[PDB]
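Take the given structure of chain A and dock chains B, C, D, E, F and G to it, following the hints.
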Amino acid sequence: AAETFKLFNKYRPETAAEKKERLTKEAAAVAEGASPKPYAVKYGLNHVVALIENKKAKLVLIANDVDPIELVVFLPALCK
Amino acid sequence: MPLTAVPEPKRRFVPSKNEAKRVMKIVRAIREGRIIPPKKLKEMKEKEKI
Amino acid sequence: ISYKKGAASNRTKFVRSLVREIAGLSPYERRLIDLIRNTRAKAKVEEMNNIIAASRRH
Amino acid sequence: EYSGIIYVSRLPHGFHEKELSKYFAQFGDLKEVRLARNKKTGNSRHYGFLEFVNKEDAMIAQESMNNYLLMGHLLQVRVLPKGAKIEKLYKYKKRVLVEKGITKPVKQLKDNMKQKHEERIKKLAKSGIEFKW
Amino acid sequence: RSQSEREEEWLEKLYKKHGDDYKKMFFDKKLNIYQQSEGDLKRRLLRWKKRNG
Amino acid sequence: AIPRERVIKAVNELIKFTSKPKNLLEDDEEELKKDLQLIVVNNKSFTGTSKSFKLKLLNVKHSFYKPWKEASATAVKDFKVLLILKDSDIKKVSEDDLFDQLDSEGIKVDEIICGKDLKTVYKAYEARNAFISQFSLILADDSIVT
Amino acid sequence: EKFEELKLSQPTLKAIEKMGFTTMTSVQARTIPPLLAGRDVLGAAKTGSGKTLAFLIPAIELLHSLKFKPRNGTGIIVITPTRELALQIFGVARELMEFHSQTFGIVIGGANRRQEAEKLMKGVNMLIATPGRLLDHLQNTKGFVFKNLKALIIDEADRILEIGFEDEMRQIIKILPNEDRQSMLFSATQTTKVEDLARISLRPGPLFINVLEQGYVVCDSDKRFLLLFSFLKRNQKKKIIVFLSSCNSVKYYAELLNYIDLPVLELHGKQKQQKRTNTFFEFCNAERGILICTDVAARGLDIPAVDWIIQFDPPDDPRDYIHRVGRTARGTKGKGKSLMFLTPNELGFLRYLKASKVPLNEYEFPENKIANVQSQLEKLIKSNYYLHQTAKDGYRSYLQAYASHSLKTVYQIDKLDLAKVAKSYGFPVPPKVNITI
Numbered sequence: 087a088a089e090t091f092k093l094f095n096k097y098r099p100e101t102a103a104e105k106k107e108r109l110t111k112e113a114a115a116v117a118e119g125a126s127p128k129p130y131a132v133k134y135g136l137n138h139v140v141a142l143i144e145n146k147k148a149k150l151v152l153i154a155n156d157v158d159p160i161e162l163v164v165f166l167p168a169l170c171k
Numbered sequence: 254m255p256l257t258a259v260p261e262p263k264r265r266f267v268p269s270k271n272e273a274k275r276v277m278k279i280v281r282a283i284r285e286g287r288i289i290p291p292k293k294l295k296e297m298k299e300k301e302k303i
Numbered sequence: 026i027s028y029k030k031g032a033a034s035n036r037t038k039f040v041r042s043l044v045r046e047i048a049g050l051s052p053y054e055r056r057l058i059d060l061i062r063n081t082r083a084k085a086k087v088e089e090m091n092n093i094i095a096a097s098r099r100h
Numbered sequence: 088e089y090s091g092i093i094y095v096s097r098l099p100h101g102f103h104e105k106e107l108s109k110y111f112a113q114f115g116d117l118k119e120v121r122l123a124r125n126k127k128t129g130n131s132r133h134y135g136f137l138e139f140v141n142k143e144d145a146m147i148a149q150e151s152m153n154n155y156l157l158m159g160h161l162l163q164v165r166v167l168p169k170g171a172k173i174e175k176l177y178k179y180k181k182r183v184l185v186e187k188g189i190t191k192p193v194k195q196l197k198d199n200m201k202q203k204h205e206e207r208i209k210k211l212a213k214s215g216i217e218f219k220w
Numbered sequence: 175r176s177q178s179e180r181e182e183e184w185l186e187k188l189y190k191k192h193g194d195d196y197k198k199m200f201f202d203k204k205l206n207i208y209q210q211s212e213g214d215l216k217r218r219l220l221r222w223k224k225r226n227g
Numbered sequence: 031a032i033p034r035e036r037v038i039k040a041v042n043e044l045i046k047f048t049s050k051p064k065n066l067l068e069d070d071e072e073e074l075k076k077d078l079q080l081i082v083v084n085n086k087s088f089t090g091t092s093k094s095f096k097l098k099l100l101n102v103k104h105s106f107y108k109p110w111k112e113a114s115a116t117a118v119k120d121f122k123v124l125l126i127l128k129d130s131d132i133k134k135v136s137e138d139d140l141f142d143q144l145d146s147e148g149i150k151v152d153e154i155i156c157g158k159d160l161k162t163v164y165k166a167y168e169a170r171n172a173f174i175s176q177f178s179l180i181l182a183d184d185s186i187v188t
Numbered sequence: 042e043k044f045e046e047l048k049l050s051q052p053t054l055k056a057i058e059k060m061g062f063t064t065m066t067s068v069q070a071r072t073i074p075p076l077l078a079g080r081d082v083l084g085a086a087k088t089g090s091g092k093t094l095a096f097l098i099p100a101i102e103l104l105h106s107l108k109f110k111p112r113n114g115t116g117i118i119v120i121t122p123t124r125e126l127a128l129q130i131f132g133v134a135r136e137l138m139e140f141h142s143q144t145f146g147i148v149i150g151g152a153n154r155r156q157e158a159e160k161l162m163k164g165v166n167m168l169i170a171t172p173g174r175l176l177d178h179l180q181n182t183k184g185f186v187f188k189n190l191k192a193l194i195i196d197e198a199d200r201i202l203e204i205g206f207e208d209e210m211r212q213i214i215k216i217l218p219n220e221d222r223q224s225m226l227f228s229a230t231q232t233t234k235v236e237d238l239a240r241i242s243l244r245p246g247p248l249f250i251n252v264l265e266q267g268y269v270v271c272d273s274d275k276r277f278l279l280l281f282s283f284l285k286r287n288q289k290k291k292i293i294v295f296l297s298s299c300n301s302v303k304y305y306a307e308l309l310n311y312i313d314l315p316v317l318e319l320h321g322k323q324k325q326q327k328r329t330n331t332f333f334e335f336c337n338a339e340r341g342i343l344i345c346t347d348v349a350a351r352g353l354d355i356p357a358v359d360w361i362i363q364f365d366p367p368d369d370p371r372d373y374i375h376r377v378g379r380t381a382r383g384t385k386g387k388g389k390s391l392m393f394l395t396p397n398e399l400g401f402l403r404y405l406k407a408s409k410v411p412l413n414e415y416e417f418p419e420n421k422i423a424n425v426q427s428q429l430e431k432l433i434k435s436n437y438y439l440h441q442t443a444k445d446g447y448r449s450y451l452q453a454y455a456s457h458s459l460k461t462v463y464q465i466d467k468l469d470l471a472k473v474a475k476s477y478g479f480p481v482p483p484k485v486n487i488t489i
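Protein chains in written order, with full-length UniProt numbering: chain A, 87 to 119, 125 to 171; chain B, 254 to 303; chain C, 26 to 63, 81 to 100; chain D, 88 to 220; chain E, 175 to 227; chain F, 31 to 51, 64 to 188; chain G, 42 to 252, 264 to 489.
Some hints could be false.
[Stated by the list, open to error] Cross-link-like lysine to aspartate or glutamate pairs, in silico, DMTMM-like; alpha carbons within 25 Å at most:
id	chain 1	residue 1	chain 2	residue 2
1	E	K191	F	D142
2	F	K46	F	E73
3	A	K96	F	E168
4	G	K434	G	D313
5	F	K108	F	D183
6	A	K106	B	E261
7	B	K292	E	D194
8	D	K213	F	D139
9	G	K431	G	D274
10	D	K109	D	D144
11	F	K122	F	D70
12	E	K198	F	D145
13	A	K111	E	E183
14	G	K389	G	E430
15	G	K191	G	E102
16	G	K389	F	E68
17	E	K204	F	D139
18	E	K203	G	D445
19	E	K204	A	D158
20	A	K111	A	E100
21	F	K108	F	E147
22	D	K105	D	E88
23	G	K289	F	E72
24	D	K219	F	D145
Treat the hints as calculated values from the structure; they're not laboratory data.
Chain A extracted, bound-state conformation:
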C-alpha cells in the first residue's frame, strides 16, 4: 500500500486553482501575440467501470469502506 501510493501520487490531477492558472497563462500569451497528452489518475465510479469493461485500466484501486457497500461489490468480480 505504501508503494502503490507513491506511484499514484505522481499522477495526481490538477486542482482547480492550478488548472485555472495554467489556462490563464495561455490566454494571456494569446491575447498579446503542439502538446502531449496529459496523464492523471482516473476516478469516478461510472468512469472507472466503463474503463474496466473496455479493458483500458492498467490498475484499479477499490476502497473497502463504501457505506452503500453494494456500490463496489461487483467491482472485484468485474475486474477479475
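Same frame as chain A, but now just chains B, C, D, E, F and G:
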C-alpha cells in the same frame, strides 16, 4: 475482448476543445480589461505594500 | 416492431450473469437446487440447471 | 520437513552480507550469512543464503519477506528442504591485474616472432588464399 | 459569416507550408493539431482564399 | 611503412575469399561476414594500466558513415544518429536548426537526448538497452561524456 | 465489339466511359447482346474474364427501362459464394449506378444484421448477396419486398455447391418468384449438381457460352506483419506481390508501409476502376517495387514476372491456389518464387499440398532479425485517429474473412488467438468485433 464495439471518438486523440473555448473566453475577458493578466498583477503587488 | 423486443445485448447478458454469480441464491432457489441435485417455473428450473452445469465444468 | 536455511533472491544493489545479517538478525539469531558474488570482480549476484539458529525463525522470516517490493525488486525468500547445507560462497573482491612477465631474453623473444610470421604466412596457403612476403 | 483571426493565421501557415496539397496538410502533426479531414481543410482554405485572393 | 601493393593484394584476396560459392533473412554469421578489420598489436598495453572508455578518432580520407547510411536503406535496421547534450543546452538547439545546417551535407541527426532522459525514461535496463541498441553513431557533449 | 455499338442508356455510357472501358472483351461481347434480348444464359467464363460487367449492364438497363422506385422492392438479385467477392461486385456496381436513380445494396455474412435489415426496409433495387444471409433475410425480415424480382444471377455455381450451399440455394429458389424472372447462371466448370441447380432455376433450353516448388514460412500470429515488413524492407530492390484476404487490410497495410517510408502500391475492390487500371499498369513496367492486392482482385489480371509472390493471408480458393503455383509458372517465363505464411494452428494446410503432389520447401527466419518496430507502430496507432480507424477496419475485415473460410478443417477461428492477431495491428487489447466464435 471488450463488451461493446462502440467506435473511439475523435476527441480522445486531439487536444481538448472545452479548454480551447475556455481559454478563448479568458482571452476575450483579458482584451476587455475585465481580467488583469498575471504579469500586470505581479506588477501591482510590488508597488503599494510599503 | 420495436427495440423493446429486438434481442439481448452482450453487455446486458454479461451483467445479468455476473450479478447472478455474485449475489448468491435465494432460499427457495437453494431448495430447488437441492431438489434437482437429489412458464415461470420452467424458466426458473432451466436457470437452476444452467447454473449447475456451469458450476460443474463450464 | 524443513531446514533453518532461507534462500533470498532478487536482492537490490547494496544489499550484501553485512546488510543481510543486520536486517535478518531481528528475526532471530543467525549462524551463517553468505552472498553470491562474481569471482573476477566483487559484485553481488543478487542472491544469497542464510541460516537461523532456530528453525521456526526461518519460517517467520520467510512468510513476511517472500513478496517484499524493495528498491523495485520482488524479494524471493524460501526455506530449503531438510538438510541442504550452504557452502562454497566465497566473498570475492575485485581482482587487480599484475604486470609480470618478459622472462625470456629479448633475443629469443625477437627470434620467435620471425618464425611466427613465417608460420602464419604458410598457414593461409592451405586455406585457398595466395599471399606473398 | 467571416472567419476568425486565429483560424486565418492557421490557414495562412497551412497554405504557406503545403500550398494546395491537402493530403500533406492532413498528415501534418504540427499544423493540423486537431486532426481534420481533407474535406474540411479544403473547404476552410477555399473560404480563406476567396476572402483574400 | 606498408607498401601499397601489399595492402591492395590483401584486400583483393580477402574479397575473393569472402565469396567462395532455406532462409528468409540472413543470420548473424552471414550478415557480417564481409566486415573488414585491422588488427594492430604493440608491446605492452595500449592505454597503460587504466581502463579508457574514450574513443580515439583516426582521420580517414573517405567518409565511413556515408556508405553505411546509403547501404542501410535495404537493411532491416536503419542507420540512426543520437546526440547527447547537456541539460542547459537542450533548449538552445532544435531539430529544425540541425536540419537547416546538416541536410545540405547529407547528415541527419535522428534523435537528440539530454542527460536527464538517461535517468528518467531510459532508467530501466530493458528500456535502456532497447533504446541504445538502435543507434550506430552516438555523439555526446564534451562536458557530459565523463 | 465496342461499347458504343450496343443501344444503351445515357447514364450507362457515362459510367462506362468514366471507368475507362471502350473495347469490350469476347465474354462481354457475345453475352450482353443476347442478354438485352431477355434470354437466359448459362455461361462458362472464368472469374475475372470481364463477365462482371457482362451480367451487370443488362441488370441496370432492365431497372432503368422498368423505371424502378425504392418502394418497388428489389428487382435484381446477384448470388455470390464468398464474402470478399461480393464486396468486389458491389464496388463495381456502385460505379455503374453513379448517375442512375436505382438503389444498390450488399448482404454478406458477418456484417451488421440490423443495418442490413434497415437497408432492406428502405427498399434496395439491386441486391448483391451471399446464399447464407439471403435465406435469413427472406425468411425473417418483415418489409423486405422481393415479389417484384425481374432477374436473378448466380456467380460461380461450382464454388457455391463446393462450399455446401446447395440446400440454401434450393430453398432460395423455392422462395423467390419464377414467372417474370429471367435468370442467369455462371460457372467455370460444370458437374452434375451444376445442371441440377441450373434446371430448377432457368427456363428450359437456355443458350450457353463456352470460353517449380512452392515455399512456406511458419510464423506466429503476433509476428506475421512484423516479419513481413522485415522481408519487404530487406528486399526492396526486387519485385514482390503480396496477397491479402480483404480490401480493408490491403489499404491499411499500404498506408502503413507508406507512412514508415517504404513505397508500395495497392489494389483492392473498394478503389476506382481507373485507379486500379493505372496502378496495375504502373506495376507492370516499373521493374521495382511492391504491390499489395487481394486474392480476388488478382484473379482475372495476368500477373507479370515478379521476383516474389507472397500469400500473406489464407487464400480465398485453395483449390485454385494449389493449381496457380504451376499455372503462373507455365505462363510467366521467369523464376517467380512463391511464399506462403502459415500460423502453427493452421499448419494442416500442408496436407493438401502433400496430397495434391506438389513439391514443398520450408523457409527459416532468425528470431532476432525482426524489424523491432512494434513499439513505434503501437505509439503511432494510439496517436493518429485515421490510422487507428484503418487498423481497426483491417482487423475487422481479416477476422470476418477468416471466420467464413470454406476450409473449416484448417482455418478455424476458434483456435485463433485474437490478442496476438490484434497485436500485429498495433493494438495492445483487441478491439471488439461481432463474430460468432
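Exercise for the section: Could you tell me which of the numbered hints above are not met by this structure, giving the numbers in increasing order? Expected result: Violated hints (numbers, rising): 6, 7, 8, 14, 19, 22, 24; every other hint is consistent with the structure.
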